[PDB]
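In the block that follows, a single chain appears as C-alpha cells, in the form deposited in one PDB entry.
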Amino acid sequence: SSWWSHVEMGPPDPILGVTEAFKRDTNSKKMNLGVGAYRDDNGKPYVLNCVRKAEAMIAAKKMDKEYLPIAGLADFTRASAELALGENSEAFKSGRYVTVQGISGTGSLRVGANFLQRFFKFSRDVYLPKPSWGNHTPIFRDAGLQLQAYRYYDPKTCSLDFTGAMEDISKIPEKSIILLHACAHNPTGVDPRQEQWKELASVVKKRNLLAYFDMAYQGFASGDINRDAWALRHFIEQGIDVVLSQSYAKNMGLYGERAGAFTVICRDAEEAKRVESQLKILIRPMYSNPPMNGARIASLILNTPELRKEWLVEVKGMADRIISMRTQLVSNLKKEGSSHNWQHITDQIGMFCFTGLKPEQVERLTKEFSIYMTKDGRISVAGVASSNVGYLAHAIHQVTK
C-alpha cells in the first residue's frame, strides 16, 4: 500500500483518444476522422505557406528566447483583438478590451473560465448549447463553475431548433453565462443565420446574460474571416460586452504550436487595465508565461501585409477543399447505391460532418475499414483526401446499407 494505490484507470479522451487508437491500427487504408485537422489532397498535414515563410523570417532574424510577458507578445495580442473585433471597431478603437495570449483556444477558454470563477459575481452557471464540443464541460467544471444547457440542434430536422433555443434562452436567469460558438458549431456544423443571430442577441441583451464566444474556426465557416466574425461583432455593437476565446490552431494550422487568446470587453480603457492586472495574477501561478514561437509566427503574418494576404488565400483554399469533399462525398454515396438522404453532408459547414451514424454504425467503421471517428457520428471531413473520398463512401454505405 502506497500513495497512489487508490487512483483508478481513467478513460481515454473521447476525442483525443481516437488519434491514440488510430495510431495503433495496422490497416494501411486507415483514416483518422476523429479530431479536426486538415489534410491536403494527398491526405498529408499541411503547413500553410505563410507559416513557413514566417518561420524563416524568424530564423533568419536570429532572435533570442527570452521570456514573454505574462500577457504574451503584445504585437500578437493586439493583432488578435483586431482580427477579431475588426479594425473599424469602436471597442477596438477606443481601447476597452484586454487580451492576453493563451495556450491556444483550450488554455484560453480556461483562463477565461477561471477569471469568471474568481470575479464574476452573479452566478456559477454556464449554459452550453446542445450538443457542444466535448471539452466545454470539463473546462468549466474544473474551473469551479456549474453547467447548464440550452437546446440548439434538432436531430429530426438535422438542423437548428431555433424555437427551442429561444425558449430556453429566453428563460435563462438574468445574469447567467451563456457559451455561444462564434461560427462553425462544433459538432453540429449548423449555425444561426444573421437574422437569427440578430434575434438571439436581443434576448441576451434582454436577459442581461454574460455572453462567452468561443471562436476557433474564424475563416472556416465561409472562408471569409470577417464574414465569420459578423455575429460576434454584432453582439458587441448592440452593447453586449462579451468575453472571447480564439485559436489560431486550425485557421493557421499551428496545431501543436499553441496559439490563442482570451479577450475581455470592458467599459473604459481604465477598467481594461484593471482587469488585465488580475488576469496576469491568475496566470503567473498557472504557467508563468506563454509559449513564444506560435505567437511569433502568428504575429508576423497578421502584421505583414503580404503574409496576411497570402494567408487569407490559403484559408480560402482550405475551406474550398473541404467543400469539395462534402460534395464528392454524397455523390459517391449515391453512386454507391445509398438510398439515404445525405444533404446534411453538404449543408453543414466548417470542418465536420454530423453524420447521424449510430454507435454500432460507428464501431463497424473502425473495426472493418479502420476509419476513425467519434462516437457521435462526428466526422472530420477535412481529413479526407481526394484519393480516399471514395473509400469513405463505400464504408459508410456498407455500414448504412
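Numbering follows the first chain given and starts at 1. Throughout, rigid core stands for the largest set of C-alpha atoms superposing within 1.5 Å between the two forms. First, how it differs from the form deposited in another entry.
- For the rigid-body turn between these two forms, the listed residue at the hinge is 320, chosen from 75, 366, 91, 320.
- The chain behaves as two rigid parts between these two forms; the smaller one is rotated by 14° relative to the larger (C-alpha superposition).
What does the same protein look like in the form deposited in another entry, given that the last one was the form deposited in one PDB entry?
Since only the chain itself is given, any partners or molecules it might have are not part of what comes next.
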C-alpha cells in the first residue's frame, strides 16, 4: 500500500559525487584523490602477502563456519588489546580491560556509542574536534548522544591550534566525553607532538573527562606500531581510563572483511567482567554475532610470529610509500618554482592531506587537470603515485601561483 509515500530521497554524498565524476571524465590523465583506501604504486588495490598466506592457511585447515561467540574470537580480541596497550603494559598484564570484536572500526565506534548512551550516567555530551571524520556525527547522534566541539585544526598554518584546543578543553564541564584521534587525524593529517599530548593528558586528567580514542591507523601512520599508540598509552599511564575503537581495515588492508574492536579500560578485572556482560546484552540484538572471516585472518597474523614479522614489514612499506609521496610532492613544487610554504604537507601524517587549497582552486584543479578531490581542499595521498606526482605538483603550482 501507500506505506512509504512520505519518504523523501536522501541527500547525495559529496565524496561519492567526487568519484562518479572521476569515472565519467575522459581525460586519461585523470586522478582520483578522493579514494579513502590505500593504493599501490600502480593505482591498484593492495592485498597484503601475509593476508593471502593466512588465508591459504585457513583454507588448508577446513575450518568450520560455526557461529562465533557474541564478543568475538577470543584469540582475536586478546591480540587486539595486546597490540594497542603493549605486552608489558600494566592494563594488559592485570586484565582490567574488556575487548569486544566489532564490525570494523565503525561498528566498534557505534557499539561504544550505544554503551555510553546506556551507562554513562555522567553526561550526554561528546566533544569532537573541528573538523572530524564525517561519520562521527551521525554515529553518536543516532546512538542518542549530543554533539559539541573543540578547536583543533588551524587554517592559517594548516597545523594544530594547540592554543585554541587547550583553551577549549580547559573549559569542558567535568565528566564530559571527549573524542580523540590516536594518530593520523582524519581528515586533516594534523597530529599533536609528544610534548603537546603530555599537556593534553594533564588537562584531560584534571577536568576528569572520559577519553574516547579512535584508533584507525596503528602502524599505518608512521610505520611503527608502538610509536603510533604512544598517545593512547601515555593516557592510561597517567591514570586516565580510556575507551577505544580499533580498525584493521587499513593496517592489514582488511577493508570489506570488517575486522575491528572496542575496548573499555576498567578499575580491575572484576568490573571488566561486569562491563563485558552488558556489552554482550547490547550486541546480541544488534547483529547476534560478528563476521568470522576478517578476525580469523587478523588473528593468525598477530598470533603467528612468522606472519607478524612479515606484516610489520608490509605495513611499514605502505606508510613508507605514502611518506615518500608527501616528500616528492613538496620537492616537486619547489622545483616548479612555487614560493609558498608547503611544509604542512610533510608535517602531516597518514593517508589524508589538508592542502589548504581554496574552493575555487579545487574547482580549477578539477576542470583543467581532471584531478578530483573534495572542496575542503582534502587529498587522499593514496591516490598519488610515482608516475603522477609530477603532474599533480604541476597542477597545484598552476592553480596557486
